[PDB]
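With the sequences and hints as input, model every part of the structure.
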Amino acid sequence: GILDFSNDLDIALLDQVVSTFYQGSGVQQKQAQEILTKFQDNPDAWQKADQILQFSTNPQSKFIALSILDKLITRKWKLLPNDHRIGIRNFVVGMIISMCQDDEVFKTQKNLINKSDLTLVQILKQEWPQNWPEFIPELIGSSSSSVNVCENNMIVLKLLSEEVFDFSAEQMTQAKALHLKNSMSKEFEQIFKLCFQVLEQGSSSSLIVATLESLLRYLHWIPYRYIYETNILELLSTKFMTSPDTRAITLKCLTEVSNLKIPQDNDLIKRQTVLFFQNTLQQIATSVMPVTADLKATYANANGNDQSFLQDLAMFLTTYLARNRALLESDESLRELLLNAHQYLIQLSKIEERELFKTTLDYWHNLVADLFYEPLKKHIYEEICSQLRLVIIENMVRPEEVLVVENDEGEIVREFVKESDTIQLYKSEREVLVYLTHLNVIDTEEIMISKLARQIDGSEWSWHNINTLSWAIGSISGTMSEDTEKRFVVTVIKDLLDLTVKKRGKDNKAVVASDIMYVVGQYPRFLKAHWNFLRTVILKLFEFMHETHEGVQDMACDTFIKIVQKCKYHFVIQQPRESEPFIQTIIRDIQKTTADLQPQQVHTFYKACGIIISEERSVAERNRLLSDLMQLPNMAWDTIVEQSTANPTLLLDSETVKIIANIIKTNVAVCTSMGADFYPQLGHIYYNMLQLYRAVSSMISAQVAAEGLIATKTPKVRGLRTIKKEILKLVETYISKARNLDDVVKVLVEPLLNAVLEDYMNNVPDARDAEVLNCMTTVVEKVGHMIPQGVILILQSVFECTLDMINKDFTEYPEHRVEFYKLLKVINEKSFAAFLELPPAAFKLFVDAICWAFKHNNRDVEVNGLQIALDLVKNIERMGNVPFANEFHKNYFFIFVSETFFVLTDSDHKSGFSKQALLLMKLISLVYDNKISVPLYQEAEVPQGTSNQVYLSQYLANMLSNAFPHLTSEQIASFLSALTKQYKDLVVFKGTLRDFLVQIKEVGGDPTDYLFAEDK
Amino acid sequence: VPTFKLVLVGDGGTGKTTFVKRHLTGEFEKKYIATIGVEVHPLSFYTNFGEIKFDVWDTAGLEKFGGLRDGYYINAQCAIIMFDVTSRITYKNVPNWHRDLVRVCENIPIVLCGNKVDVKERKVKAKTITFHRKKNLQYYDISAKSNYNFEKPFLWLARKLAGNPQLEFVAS
Amino acid sequence: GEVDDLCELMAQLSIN
Ligand SMILES: Nc1nc2c(ncn2[C@@H]2O[C@H](COP(=O)(O)OP(=O)(O)OP(=O)(O)O)[C@@H](O)[C@H]2O)c(=O)[nH]1
Ligand SMILES: [Mg+2]
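Protein chains in written order, with PDB author numbering: chain C, 3 to 376, 414 to 1055; chain A, 10 to 181; chain I, 0 to 15.
You may find that some hints are simply not true.
Here are the simulated SDA-like pairs of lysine to any residue, each with C-alpha atoms no more than 25 Å apart in a straight line [claimed, not checked]:
1. C:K601 to I:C6
2. C:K466 to C:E357
3. A:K73 to C:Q49
4. C:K949 to C:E810
Sample of chain C residues with no beta-carbon within 10 Å of chain A, all distances over it, derived [said to hold, decoys possible]:
5. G306
6. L464
7. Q614
8. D843
To give a feel for the contact side, a few chain C residues facing chain A, derived at Cβ under 10 Å [what the hints assert, rightly or not]:
9. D10
10. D46
11. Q49
12. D247
13. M317
14. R356
15. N896
16. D947
It is worth saying that the hints were derived from the structure and are not from the lab. Quick reminder that beta carbons are idealized off the backbone N, C-alpha and C, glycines included.
Here it is as structure tokens:
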């Protein structure tokens, strides 16, 4: 056995278990893991920690012992007598010293040392300075005893600063956090002395680096006087920048220095600010590299430390310049320095590392915005700007990206990525280059024409180069005057066409052509001003739609729909020179045009045509265009509805299911583009489509009932589910975009509900689609205020059965959980009357369902659950001293209070905190604002006429005492007093709750802490 | 073939387990089955320079299932801090994971990953994610559902750990 | 002329 959960402890065996877990593999390592976890979670395990720390031959065992000690210190420290406390404290200091005296251990086991130090810092939080007032003097004194102890002292101080200033919120009560911050500020003169002495006398070494590490953390909070009124600025900016081993951490320190709270009307501080920066830059120039250094090549061939350094350099410059560019600009002697620093960024901007480039680009954006709005200083940075232009043009990223995903039905679907890192980078670059173009149009144009010419002669020809250049050219769209834009676009397109003729290979031609289309798609103004060109492009795209070359068809469809999105008006109007709106021409030949396209590309083409059609404002002509467009799918739909009605077996034919899917998908596409305008088409296929839905759903449910869950994965059921989902998607799409709500209510709602609600109830769980709930959510969102009986039917159909699906655990049917509470929420918003009419038992189930959502370790469910609770309480508040409200309070007020507290005080429900607090405030408000007009108690259990305030207080005190017996009466009383005094202030209330949440995790918390807000 | 320990940390439901599972099997799990303690998954990648193995220590991001917590991090050679771009609090806690991690592992390559970038309603915007800058962490937008930048974290970690920027991932 | 000539060139755009 490797079980060490007995009475006597085997240190060797524990080492064995630890070694099995850390160096072992597989099932053994698994068991070892569970064992170690069980041992580590023993309330009494700390009693063994010291023994381990003294006897274990395993560094990891010591680490785990320190973890157990950490638990004891954080949670049950104040249970121990003062004697024992001091004992453990001196045990840890002594152990730390022992480890430091061991040079091997000190250098090779930083992890164990850091754990030790952190354990000490935990003891400091709990003890210092009230019970350990001599700690900082003793620590500084001991610094001389060993170099390792000196270094470790710097680690301990760094850790203490982190715990007190960096990570104190949400780990400590506001009162205790203030106490520790004040304690650490009081004794910082001494700490800074030790620090400065080490920095001033010491030379580059591990101890110096550790000292600077600590200084980095100090800089977050220390007064600027320790930086500006001492010689530390000179030390950092000169001494520690020359020594390689300290450059990076010194830069980090100077980065934070750049961000200090300093006086804004002190000329000496201004000169000091300039001076350290001038020193740092000159020192980098002298010791590291000049402005002329090729940082791109350097970074590429660098060793990671050098890379980090270069990153840190950019962080330094970008921080300092963003704060102090004005300072560097005002005095013309500083000109050479200013430009030099910017030059570094330029060089740093050339480094191929996205995150570093983004860091530089934020600043670049700042600078070019400032120059745009203050063109007086523009000339100073003319040269810098010119180079920046080239940088950005050379480093344009893809403006839009596409993913090919497989959905739950097994379909291969092309989706456009939205709001990605790359897209935000594109947008940032675009804004920077737009600014740059505004600043000097002539320079931007010259650069772009040069890159293009270098593309033509083949000197800089590559797919990536031409793509980048194209993206760049497209990015500055709408910046030049239409005349200048006209000449520019003409040149670019002409050159690119000549390039295409010159390039050999289908690959190369495709690349350049796709670039041509991207560029033209990026300049809608040029297309609108020149119809002939627009037509030529559209036809050329149609021509491309028959090209089998990989990617070309998608390019053509993407360009087409992109161009129409912007230029729709020019398709619906008769452009003289044309005998008919070009939309008619497109619709005429749609069969021929889209013959070679993939299904999804066809759908995109229809979507495009829909965009165009919705531009026609005459209802008659628009409806005709829509009809003409939908003719092919309409006709196949007619022939299919006839055969299906007559022969149900057709839905067994996979070819039919395909055709049906494509028909509904085409409807979805056109409905997407056309919105309310699509209603005629929807009406054309509606009732039949709902029937087909009922059929496909019945078939899915039957087969799943018969075969089990596996059936849901079969190609047959997958195809059928596609049809089901597409139908639901069409309906949701139209209703979401609908304008004429009467027609929705009176024509669409009733058939839809009849079709899908009863089907959903009667489906087997494994066949129910959450999309049904989603569709219902959208219906309720849009017209729920108009369909009270419809909403009631939705509840009656989905509530009990979906609940019963998802109330077994937190894991089964996740999509169902999400959409169920989204629907409950929207119903509660739009048609709360429905919940009013439910029988008492049904309403109880509702409340149970809300509280069920509370307990979910799922953000999607949890937030909706809390929102429902809030909204419900708001809804019932709207009703006055009405028996329903009174009864609801009598039945559920305390349920809601207790459930909210349960999820507040639960370890793992932090996402809902913001909402939880609100709900709690509201509930408390209802009692402390005297807005509940009936006693919330019973039996006269509290004497007649007892105020609901006193009863709420009693209930809360009792409940919290039961839940948390380790809190004192004084703790609970004070917390409740604070809550009941602070229910009108959200931020203070949240503070008080966080204080309580800190205090329930520990024993012997200070009841005064709840007066924190009242104190300030 | 070299084997490197990869500690995967992040808040609960940020998509760490699903990420590893899809790397292993190719399947995307829809359910949220919270990790308890740690699961160690040997994950292999094939490259033009050979096979590279990762002992992925998929750690529980829930407080109640934390287990050994930072204990899991010892001897890690690389790390992924994952958050969920649809949940602000998961990014809020990124500093806390980073803090826990580097206090055990001083100088290791770390990738910060914004998962679930597929969701339409993205709460943690790209421009907001800057924490990795000062901590010299790699960052990637990823999606375990979408297979978006799916291999990029591991590609970066492999390049760092091998010291070879020319390393490319290849088929078996 | 120049736009019209662009149209002609655009029309002739080929991937072969
Ligand atoms: N939209 C979207 N959802 C995802 C993605 N990856 C995972 N999810 C879902 O989010 C949840 C995350 O679950 P896991 O990955 O097992 O959990 P974890 O992140 O390890 O959390 P713990 O085990 O509690 O630490 C699952 O329910 C997934 O289906 C993704 O890329 N996109
Ligand atoms: Mg997990």
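Taking 10 Å as the cut and beta carbons as the points, is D843 of chain C off the interface with chain A? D843 of chain C is indeed farther than 10 Å from all Cβ atoms of chain A, at 18 Å.
Just want to verify: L464 of chain C was marked as not at the interface with chain A; is every Cβ pair farther apart than 10 Å? Violated, since 8 Å does not exceed 10 Å.
Let's test the interface hint: is any C-beta of chain A closer than 10 Å to that of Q49 of chain C? violated, 19 Å
Closest C-beta approach of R356 of chain C to chain A relative to 10 Å, hint status: holds, 8 Å
So is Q614 of chain C really clear of chain A, every C-beta pair being over 10 Å apart? Non-interface label on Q614 of chain C holds, nearest chain A Cβ at 37 Å vs cutoff 10 Å.
So, as I understand it, the hint says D247 of chain C touches chain A; can you test that by seeing if any CB pair is closer than 10 Å? Result: violated, 14 Å to nearest chain A Cβ.
Compare the distance between the alpha carbons of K73 of chain A and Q49 of chain C with 25 Å, and conclude whether the hinted pair is satisfied. Answer holds: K73 of chain A to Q49 of chain C is near 22 Å, not above 25 Å.
Agreement of hint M317 of chain C with chain A interface, Cβ distance less than 10 Å: holds, 6 Å
Need the status of pair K466 of chain C, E357 of chain C: alpha-carbon distance at most 25 Å? holds, 15 Å
Would you check whether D46 of chain C satisfies its interface hint, that is, whether its CB is within less than 10 Å of any CB in chain A? Violated: closest Cβ of chain A sits about 18 Å from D46 of chain C, beyond 10 Å.
Taking the shortest Cβ-to-Cβ distance between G306 of chain C and chain A, state whether it exceeds 10 Å. Nearest chain A Cβ is 7 Å from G306 of chain C, so the label is violated.
Does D947 of chain C meet its interface restraint, that is, does its C-beta lie within less than 10 Å of any C-beta in chain A? This hint holds: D947 of chain C lies near chain A, its Cβ roughly 5 Å from the closest one there, short of 10 Å.
When each numbered hint is compared with the structure, violations occur for hints 4, 5, 6, 9, 10, 11 and 12.
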